[PDB]
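Given these sequences and hints, build the entire structure.
Single-letter residue listing:
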Amino acid sequence: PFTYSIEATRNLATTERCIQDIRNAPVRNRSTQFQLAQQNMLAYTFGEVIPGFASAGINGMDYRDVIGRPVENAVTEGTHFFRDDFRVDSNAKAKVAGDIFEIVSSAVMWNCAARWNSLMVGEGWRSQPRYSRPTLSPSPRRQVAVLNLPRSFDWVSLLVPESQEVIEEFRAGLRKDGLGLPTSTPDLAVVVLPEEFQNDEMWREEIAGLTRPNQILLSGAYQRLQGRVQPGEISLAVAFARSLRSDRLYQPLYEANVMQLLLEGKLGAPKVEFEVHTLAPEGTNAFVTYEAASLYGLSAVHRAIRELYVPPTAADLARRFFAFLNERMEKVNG
Amino acid sequence: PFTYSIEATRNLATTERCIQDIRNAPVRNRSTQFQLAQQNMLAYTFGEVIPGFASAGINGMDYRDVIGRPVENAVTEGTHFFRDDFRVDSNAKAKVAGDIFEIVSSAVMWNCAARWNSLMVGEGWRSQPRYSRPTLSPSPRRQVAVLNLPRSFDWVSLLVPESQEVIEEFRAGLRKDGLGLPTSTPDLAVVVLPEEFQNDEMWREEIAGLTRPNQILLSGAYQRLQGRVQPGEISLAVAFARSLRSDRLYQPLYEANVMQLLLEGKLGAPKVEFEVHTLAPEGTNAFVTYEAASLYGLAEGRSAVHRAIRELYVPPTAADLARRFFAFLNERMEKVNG
DNA sequence: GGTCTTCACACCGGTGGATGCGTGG
DNA sequence: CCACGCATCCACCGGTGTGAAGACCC
Ligand SMILES: [Mg+2]
Ligand SMILES: [Mg+2]
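For the record, the sequence lines run as chains A and B. According to the UniProt record's numbering, the first sequence holds residues 2 to 299, 304 to 339 in order. According to the UniProt record's numbering, the second sequence holds residues 2 to 339 in order.
The set of hints was computed from the structure by calculation and includes no laboratory data. Where hints are given, some of them may not hold.
What the hints assert, rightly or not - Once the Cα atoms are required to be at most 30 Å apart in a straight line, the calculated BS3-like pairs of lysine-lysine come out as: (1) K267/A x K267/B; (2) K96/B x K336/A; (3) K272/A x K336/A; (4) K336/B x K177/A; (5) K177/B x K177/A; (6) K177/A x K272/B; (7) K94/B x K96/A; (8) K336/A x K267/A; (9) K272/B x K336/B; (10) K177/B x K267/A; (11) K94/A x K96/B; (12) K336/B x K267/B; (13) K177/B x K267/B; (14) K94/B x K94/A; (15) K177/B x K272/A; (16) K272/A x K94/B; (17) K267/A x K272/B; (18) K96/B x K96/A; (19) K177/A x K96/A.
Stated by the list, open to error - Stretch by stretch, here's where chain B covers chain A in the computed footprint (C-beta under 8 Å, at least three residues): (20) 186 to 200; (21) 212 to 218.
Said to hold, decoys possible - Computed Cβ-Cβ distance ranges for the label pairs, DEER-style: (22) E312/B x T80/A: 29 to 37 Å; (23) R11/B x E17/A: 29 to 37 Å; (24) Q231/A x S133/B: 56 to 64 Å; (25) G61/B x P27/A: 58 to 66 Å; (26) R142/B x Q231/A: 55 to 63 Å; (27) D90/B x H81/A: 20 to 28 Å; (28) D85/B x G284/A: 28 to 36 Å; (29) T80/A x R246/B: 28 to 36 Å; (30) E301/B x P27/A: 48 to 56 Å; (31) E312/B x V306/A: 26 to 34 Å.
Quick reminder that beta carbons are idealized off the backbone N, C-alpha and C, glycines included.
Set out below in structure tokens:
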């Protein structure tokens, strides 16, 4: 459950608990006595509650409390089980909190995408959570798909192979000189649903929670669209970077600087809307150092990062995503 | 001293100690009970010993132990003074160790540059540490200057005003659209000594240690060259990034990707020899993801394409860094006429 | 206008998991 | 002579030290 409950933790299986005791089975070059299991805590805390689509006390709750509830639940569970012995270095809580932010925001915008698709097909506009109805003409061809890209994806395998051959041969020509184009995969891709996927019912049902089958469904959602996305159908790219610093904001920038290079200067796409989400952009000047330029081609100059967002609540992210979808989907024809 | 000594630590003044007790004077948004004094630690440990130019036991010692000795000295000092109460979070030891790595390597290469300048001017080749004499023709115009760039420098102020006007105009044109070219300053810049400084005796004396006056001298070495180097006279840039990861290594790459953009695509310089130094490149593939491209110039081919990072280095010992710097200077100074 | 306090810059180290590989029927 | 399992890599963030700049009471 969202709030910690002793009975539900007791009823959990040994291999399904938030904290795994690996004192007797150490990792090779680490001293992690107790290991947080981010999948298990995600399925435990956000099992029946998804932020922005749950009771009105969770949608309006500060996002820094929703993203950080699973770590509190894990710490309480570990204290309950291994009392006077539980200890996790903050360098594990940081990684786990970042991954939880990534997955929770991806789930929230996946629910938003499912609601948008349901509206576009013609199944009405669900009003259980009070959200404004978009002022766009419904159309099955305007539907959207939210992909949570994996840890070490290629991000080009999504492209249609008639437009992937040029990118592959560009990389091959670069490889002849012992060079490359390395990049980190953007943490989420919002694309236009392909033509043959607009009758599927899996893109129109909101997930009840982030259970393990739902985690598998969300994580593996990119496989179904592998090789079915046109270069211009990549509507948005999102980098989830919680609490940026003055040197860690240059990884997303590169993540965009290469991205446009492979979509603007070599594929003819109009623009790439790469944007960064963060929770605590303090101790940094990210609001003014994210106005960086790009490869500029030769006119063709623009911001590398479209915007930086700091979601106040969990519902504000959903509202902003709905507004952005309403603003952009009008460009496509359906 | 290098090895911890109780008497010398006791003789230190309260404001000159490695660890500062700021429990009663907390920082604004932090809970740092004890603050490591990076400058005081550097002046205490490396106060009379510079790695690579000291006794043969320190030159050959593993670099991961030389870079990490001051933190051990501070921990021992704090345990000695605030017993049963000293504790500093590893997120402070990491920052301190990185800064110590940067400053110590900068001092080592500064000593190498001083020896090279002494050889070029005509004072022979000092042979107290056994280093190979470069096989290059001595000339006062081949002298090199090592600058330890500050935390929030610009690195464009170093260029001559004639060659800075084009960069400033490009930045102003970008600024007209609400844009910019932000970048992190490379941690060190090796440049060719300006002709008007080629007789100063300051760039030819090896520092005996990293004392506070010598720390100030090394840190403020860039001020004297503010607007006196040529676009083609920036010999090399060095990013000291200790123990890279699979996501932090993209910060130096950008630091180079912008750099060439302002030296090759807007100044006509032949090439920029940006390179990265690290101690523990484990848990990553930095040896392969540092073959990245650049602004790529023309469409394709071998016209204006090259590695953004020239090479990744992992110094085994403290003397190996000096040997590599000497070899690089000898190999690449024949390009400059003299 | 001179101490004093505050904020941004660049620092790294300890991790969880998906995935390609090591060895044995 | 293909497997079940262990090993390596990818991307995560949070706690800091110091220098330059704002405060401000003159
Ligand atoms: Mg991220
Ligand atoms: Mg560095």
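Consistency of the hints with the structure:
1. Between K267/A and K267/B, the direct Cα distance comes to roughly 23 Å. Compliance with the 30 Å bound is thereby established for this hinted pair.
2. With a CA separation close to 48 Å, the supplied pair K96/B and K336/A exceeds the 30 Å bound.
3. Between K272/A and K336/A the CA atoms are separated by roughly 13 Å; this keeps the pair inside 30 Å, and the hint holds.
4. Restraint check for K336/B and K177/A: satisfied, since their Cα atoms lie roughly 28 Å apart, inside the 30 Å limit.
5. Between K177/B and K177/A the alpha-carbon distance is near 40 Å, which puts this suggested pair outside the 30 Å criterion.
6. Straight-line distance between C-alpha atoms of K177/A and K272/B comes to about 21 Å, which keeps the hinted pair within the 30 Å bound.
7. As the CA atoms of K94/B and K96/A are separated by approximately 19 Å, the hinted pair is consistent with the 30 Å bound.
8. Of the supplied pair hints, the one linking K336/A and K267/A holds, its CA atoms being roughly 22 Å apart against a limit of 30 Å.
9. The straight-line distance between the Cα atoms of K272/B and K336/B is roughly 12 Å, inside the 30 Å bound, and the hint therefore holds.
10. At roughly 27 Å between alpha-carbon atoms, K177/B and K267/A fall within 30 Å of each other, so this suggested pair holds.
11. Under the criterion of a C-alpha separation no larger than 30 Å, the hint pairing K94/A with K96/B is consistent with the structure, at around 19 Å.
12. About 22 Å separates the Cα atoms of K336/B and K267/B, which keeps this hinted pair within 30 Å; it holds.
13. Under the criterion of a C-alpha separation no larger than 30 Å, the hint pairing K177/B with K267/B is consistent with the structure, at around 18 Å.
14. Proposed proximity of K94/B and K94/A is supported: the alpha carbons are some 18 Å apart, at most 30 Å.
15. At most 30 Å may separate the alpha-carbon atoms for a hinted pair to count; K177/B and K272/A meet this at roughly 21 Å.
16. Taking the CA atoms of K272/A and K94/B, the gap is about 43 Å. The hint is violated against a cut of 30 Å.
17. With a C-alpha separation of about 25 Å, the suggested pair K267/A and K272/B falls inside the 30 Å cut-off, and the hint holds.
18. Using a Cα cut-off of 30 Å, the hinted pair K96/B and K96/A holds, with the two alpha carbons roughly 18 Å apart.
19. The straight-line distance between the Cα atoms of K177/A and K96/A is roughly 37 Å, outside the 30 Å bound, and the hint therefore fails.
20. Interface restraint, the segment 186 to 200 of chain A with chain B: violated (0 residues with C-beta to C-beta distance below 8 Å; minimum three).
21. Restraint check on the segment 212 to 218 of chain A versus chain B: 0 residues with Cβ-Cβ distances below 8 Å, three needed, restraint violated.
22. Between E312/B and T80/A, the C-beta spacing of about 49 Å breaks the proposed range 29 to 37 Å.
23. Checked against the hint of 29 to 37 Å, the C-beta distance between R11/B and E17/A comes to roughly 57 Å, which is inconsistent with it.
24. Evaluation of the 56 to 64 Å hint for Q231/A and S133/B yields a pass: the beta carbon distance comes to about 60 Å.
25. In this structure the supplied range 58 to 66 Å is violated for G61/B paired with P27/A, their Cβ-Cβ distance being about 33 Å.
26. At roughly 58 Å, the beta carbons of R142/B and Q231/A sit within the given window of 55 to 63 Å.
27. Between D90/B and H81/A the Cβ separation comes to about 26 Å, which falls inside the hinted range of 20 to 28 Å.
28. A beta carbon spacing of about 32 Å between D85/B and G284/A agrees with the range 28 to 36 Å that was offered as a hint.
29. For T80/A paired with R246/B, a C-beta distance near 30 Å keeps the hint of 28 to 36 Å intact.
30. For the pair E301/B and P27/A, the supplied restraint of 48 to 56 Å holds, since their beta-carbon distance comes to about 49 Å.
31. Separation of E312/B from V306/A is about 32 Å and conforms to the stated range, judged on CB atoms against 26 to 34 Å.
The earlier numbered hints that this structure contradicts are 2, 5, 16, 19, 20, 21, 22, 23, 25.
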